[PDB]
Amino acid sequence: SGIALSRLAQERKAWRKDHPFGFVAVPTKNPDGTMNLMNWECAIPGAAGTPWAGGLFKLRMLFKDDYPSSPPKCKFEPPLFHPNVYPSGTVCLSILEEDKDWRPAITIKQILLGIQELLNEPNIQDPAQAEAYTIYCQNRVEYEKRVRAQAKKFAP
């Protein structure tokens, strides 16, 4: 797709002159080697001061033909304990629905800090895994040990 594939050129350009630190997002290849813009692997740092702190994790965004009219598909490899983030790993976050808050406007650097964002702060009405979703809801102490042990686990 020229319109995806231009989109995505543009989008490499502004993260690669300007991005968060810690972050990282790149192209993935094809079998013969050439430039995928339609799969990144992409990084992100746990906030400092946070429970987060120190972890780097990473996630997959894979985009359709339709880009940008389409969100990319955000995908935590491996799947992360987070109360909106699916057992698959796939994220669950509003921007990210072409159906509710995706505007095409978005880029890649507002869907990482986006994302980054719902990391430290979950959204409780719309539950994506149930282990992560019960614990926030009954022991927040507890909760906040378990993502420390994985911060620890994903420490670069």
Given for the second form:
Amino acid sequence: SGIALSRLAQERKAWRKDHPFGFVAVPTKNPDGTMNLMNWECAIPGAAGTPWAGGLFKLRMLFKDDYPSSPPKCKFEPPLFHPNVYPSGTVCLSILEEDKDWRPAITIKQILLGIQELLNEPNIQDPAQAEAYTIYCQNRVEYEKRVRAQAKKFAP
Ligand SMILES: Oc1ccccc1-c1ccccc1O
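The block above covers the form solved without 2-(2-hydroxyphenyl)phenol; next, return the form deposited with 2-(2-hydroxyphenyl)phenol bound.
To see the whole picture, the full complex is given below, headed by that same chain.
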């Protein structure tokens, strides 16, 4: 997809020039060793002063041939404990759905910062996983204890 590949090259150029500290976003490779702009390996650092602090959370960003008509699928690998992350690892976020808040102009930086924001502020009106959501609603202290354990587990 010429349109997708052209935009992804622009995203890569912009990201390399200016990106938030501690974040990573790099295209993967094809079997022949060439760059695969359709599949990116990324990492989001937990925000300082939050229960996520010190964690580095890996996720994959997968683009469809019609990007930027469609948002990428963003998937934590491995899956994370969080009310808006499906058990598969897929992130549930309004800007990541075409018929909700996705706009073609949204950048990879905006996506990764949006997901970082989501990590520390769940949206209780769109639960994606039963366990983290139930704990978040029933016992915030227990919820944060689980989050801190997870951040420690994913410390670099
Ligand atoms: O290991 C990483 C280090 C830095 C950024 C991303 C990854 C990664 C992200 C998703 C899937 C695999 C991966 O290796």
